[PDB]
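Let me begin by handing over the structure; questions about it come next.
One chain of protein is taken out of this complex; the other chains stay put.
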Amino acid sequence: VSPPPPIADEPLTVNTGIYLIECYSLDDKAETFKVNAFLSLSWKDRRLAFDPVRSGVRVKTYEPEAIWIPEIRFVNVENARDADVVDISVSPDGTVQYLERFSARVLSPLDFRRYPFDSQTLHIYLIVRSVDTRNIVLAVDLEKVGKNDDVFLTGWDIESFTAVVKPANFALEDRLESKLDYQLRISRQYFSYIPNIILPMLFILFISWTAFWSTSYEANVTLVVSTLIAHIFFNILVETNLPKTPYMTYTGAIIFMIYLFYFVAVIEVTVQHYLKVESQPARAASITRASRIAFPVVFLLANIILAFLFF
Amino acid sequence: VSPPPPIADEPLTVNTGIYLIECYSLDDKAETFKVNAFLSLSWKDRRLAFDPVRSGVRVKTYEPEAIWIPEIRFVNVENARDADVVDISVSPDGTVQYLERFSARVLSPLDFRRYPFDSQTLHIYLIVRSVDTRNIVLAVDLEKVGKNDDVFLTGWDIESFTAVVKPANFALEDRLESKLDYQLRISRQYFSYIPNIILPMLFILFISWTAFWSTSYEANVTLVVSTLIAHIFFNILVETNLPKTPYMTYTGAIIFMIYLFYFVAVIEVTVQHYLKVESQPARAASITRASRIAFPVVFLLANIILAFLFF
Amino acid sequence: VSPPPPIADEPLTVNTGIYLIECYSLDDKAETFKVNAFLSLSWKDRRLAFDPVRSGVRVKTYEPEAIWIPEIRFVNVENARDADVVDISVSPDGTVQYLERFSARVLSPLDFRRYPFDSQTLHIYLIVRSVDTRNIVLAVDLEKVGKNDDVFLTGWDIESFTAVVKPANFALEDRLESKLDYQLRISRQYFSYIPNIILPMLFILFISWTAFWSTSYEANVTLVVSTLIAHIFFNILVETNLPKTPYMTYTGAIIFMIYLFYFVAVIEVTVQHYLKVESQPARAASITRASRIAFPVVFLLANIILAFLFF
Amino acid sequence: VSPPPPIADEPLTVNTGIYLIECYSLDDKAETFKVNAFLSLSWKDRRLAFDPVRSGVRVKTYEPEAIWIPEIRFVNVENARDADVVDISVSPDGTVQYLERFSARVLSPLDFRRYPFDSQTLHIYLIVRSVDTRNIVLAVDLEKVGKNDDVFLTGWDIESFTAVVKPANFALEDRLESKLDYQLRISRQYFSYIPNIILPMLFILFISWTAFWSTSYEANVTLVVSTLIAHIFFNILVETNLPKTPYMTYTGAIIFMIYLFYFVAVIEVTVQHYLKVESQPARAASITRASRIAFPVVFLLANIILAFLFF
Partner (left out) sequence: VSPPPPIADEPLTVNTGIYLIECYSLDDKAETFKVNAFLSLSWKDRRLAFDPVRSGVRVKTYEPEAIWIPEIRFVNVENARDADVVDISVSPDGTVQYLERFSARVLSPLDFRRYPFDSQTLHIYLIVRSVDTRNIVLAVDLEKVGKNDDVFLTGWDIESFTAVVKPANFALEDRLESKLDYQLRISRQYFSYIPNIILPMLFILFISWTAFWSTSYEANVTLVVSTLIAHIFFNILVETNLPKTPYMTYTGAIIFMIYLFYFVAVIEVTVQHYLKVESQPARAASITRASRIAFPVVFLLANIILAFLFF
């Protein structure tokens, strides 16, 4: 089999569509997601044209091997898609309608800057390489782009699935290449982060501040050091759910900042004890009373500054 | 091969059945389960009809390639099922009886609201896409729906395996699609959660309340902070067995609430010490004595409220 | 290709044998094990009869596709076995000798009641479904059932590999099925559980009992709470190696009981401090002295009772 | 099919090119990386030559089975590459232009000496074995070596992708083998290690040094022992992201050294308490005051020495 010949000099237009059936396994660390979808293809092949009056048949069904089919690939996949051809239909004018159901693991970078209050645009890049006989170009049939109502991505809200209609046509290894960008817009369900990570982390921090209403050095050391260790556990827990980024994430910033608060609280607890031992408790009392206001106030202002810089 | 032609304009009815052989790997985090079953198919193909007398047989056995077979798929699968055809039998009137043994990983959302005292309805959606030649509709042969007595799903009780007899017929990319819903009802074996998570979590909380029979600030700080950290360990342990949900689970609610009890116990321990230092122990004694009753009472009432809201 | 025809009316007997080459990956949580074995099959197919004089050869060698082969399956497998035909030898009367080497992941439930001092009976169920032309039945050739001397299952002792000679013949979806039960008896190597989990857990418990020779409340709180937390770590460690069971395991029972001992030790430590503060140390001394005997005695008796209930 | 015959006695030159499409999964522990790329091949096959005039075609397309294709393999792969032939074009003189898209898991050793401030040279070794008919040699077509601009390796910066033009020709199993070295130069994005591991580890160490401004043995024991345990947690965390090396890594060196600082701080805390109890606090005071300067100074100098030895 060979490509359909051009009537003039025009490139062959392959109309495409992706209909999402299943979305699963959005892996943050790997920056991948798995997809199960319909891929639809359409192009004119005049060699396949027939008479509907004499044939009595409106459509002809072909097996993939019987006809020429464009070699469509995904750019951002781990391995080549697992595909099963569903149908091939030819209209009397020779317009071919191809439909396959496929499954693939897609590589798509994620921006963790606003984590866990982040939104993402996942991409599925469709591609075709031109043949020596003729140039192949891709197009979007919007009537064949969509998603099943039941499509759910655990821990995410699916906003939209659209295609950028204009392909990116470019040369690669001395041939033309035609690339389409299918975009799946998602927003993270931040809910669970509140009772599981955020609030527990704030509770232990506030517990360390009870040391500002205590003169007992021994108890103070226990309060600040114990809660700091619990903070380390939360830091480790958070970093296991995320890849290593060349930038600060919102959660990372807060987690990092909280260490500074524990560090300064240890200095205060130390200074307080030192003055008490040096028979200067009135001074120690002034520092401790100031700390009761300073710590929550600086914590609130630093958080307002951070939220402002990140959102 | 082509579909059986319609005598009038009728859709082709494909009778289905699923007989479960094995159920395994119900993954809560992934919201998947693995299945090994028999899939049975039946439809009328007049072109296959024969005379028993002339042929000298009452049944005819074909190879899948020799005859037309409907392209039946599962909607909610990760990848296409691994299937092996067992038998194809034709009756004199062209009634085809198809049997395959398959294995598949099924995506089925889970409701964790009542975890670990939850029940689920797992779905296996069977689907067929109509052809240009004819419309294909699915039906349930109840005599061919069932499960082996030995079918066990580790950590779950299997209640029933039934099919919703009326298919959900709908248009998808200008073709009729016929969808059947096979339902596997299961209930979680909550037993082990009691000695492993629930009771240990209650024991550490009750241990934190012994601080209401102690005047020692240093010992109190140790009792409350240590038990809080152990509570954080249980919270982390629980959240590892579950996906992130945009709602509160029953266990999640209790775990979250217990933090508030630890937070208020730290306030009480702090207030008690502060008053003792300020030479007002009679007051501190009133707060501590009230706490001995208030803490267990509020804990019991809050749990009754939560159980009521969740069950 | 169709089944061999009956001389009279008898069912076709397929003689079977399983020879184990490798046993690996007994996964307690999944209740699976991997197997690499020889599957031997033997049946008479008179349509394959030949004259050694004419054909030259005394035994014919065939390719699986060239002849009829019974569709033998495993019941309790995750996916269909990976098999490679080693030989298909046909003798002059038409007796076929089939040999394949296969690998499979077998689902076989485990009884954890006596863990880690438990024994198991793993099953490999061989099955054949009857056809319309004729009924197929399975038999065991004991001369072809066995295991390699080097077969080792990490963490287990292999006792025996035998087959229940009588097949279970039954109706399934309006056709006969013939099922054979191959049994692999194993016993767990409990050795490592003693220095790794059992003894460390007993040491920390005995360490908490040193609080019965101390009047220091602060030190007592540290002894009992610290060792309790280490006990929680061991409980978590143990539960990670096991699935969730709707029953108590032997280890689970001991682990659970030890929590009660920690809970009562905290009560004793609290009661002792309370009386000391109330200027009644003589009483506190009576309770502490009784505790020195009561705790180890009740621990020993409770363990005798548990061992009796479980073994 | 057989190799192209030599016009004289020359070896057959197979021109190669690798164009990287995707780079993912650089696993430090496994010392592997996954690659998705174009592999281009070019060689002259006289037997396939044609006259453009009598053919009416300027180029001829073939199926891989129709013509002789060199058996090109990768040396450093886990399993053989998953490849899909994209195009095979033949020019009039019989110059073949082969293009495949492949995916492979590459084994490439990593030098962790400067971790996490390390750079690596990943290798992809292309190989061909000679035949009895003729010697097959590999060459690099520099015009066909490259990478997509969007190629991103999570946690790394990609510097260059070049090929060593001269192949390594040698005998292997009595046939000559022609090996090409494709080099991917990368540098680790160390950013995240600073707020996640480095700074938290320094904060806890500095917190242990507050014991040099405290006379309280009980509080000192708590400060030093608690922070040491948190240091053990960071040591464990770091070692989980790395394979076991027969050398010291930069991070490993610092982590190890910090243990010595904790060990000496415990000695100081012990010596201080001992002298205090022995009624010699003036002495203890001299040791403690010296420690306040000595600990940070020796820490800074040891770090300058280490950075010097490693960079």
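A, B, C and D are the chain letters, set down in written order, and residue numbers restart from 1 in every chain.
Here is the rule we use: a residue touches a chain if its C-beta (ideal position, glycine included) is under 8 Å from a C-beta of that chain, and two chains touch if they have at least 3 such contacts.
Shown as candidates are D:76, D:89, D:148 or D:169; the residue that touches the absent chain is D:76. The residue from D:232, D:290, D:293 or D:298 that touches the chain not shown here is D:232. If you put the hidden chain back, the residue from C:2, C:119 or C:210 that touches it is C:210. Where chain C meets the omitted chain, the residues involved are 17, 19, 21-22, 24-25, 34, 36, 38, 40, 57-59, 61, 82, 84, 86-87, 89, 99, 101, 103, 143-144, 148, 152, 154-155, 189, 191-193, 195-196, 199-200, 203-204, 206-207, 210, 213-216, 218-219, 222-223, 226-227, 229-230, 233-234, 237. Contact between chain D and the unshown chain involves residues 2, 30-32, 71, 73, 75-80, 107, 109, 129, 131-133, 172-173, 175, 217-218, 221-222, 225-226, 228-229, 232, 235-236, 239, 243-248, 252, 255-256, 259, 262-263, 266-267, 270, 273-274, 277.
Everything that follows uses one rule, which is that only the chains that are shown with their structure count from here on.
Separating the CA-averaged centres of chain B and chain C is a span of 25 Å. Within chain C, no positions touching two or more other chains are listed.
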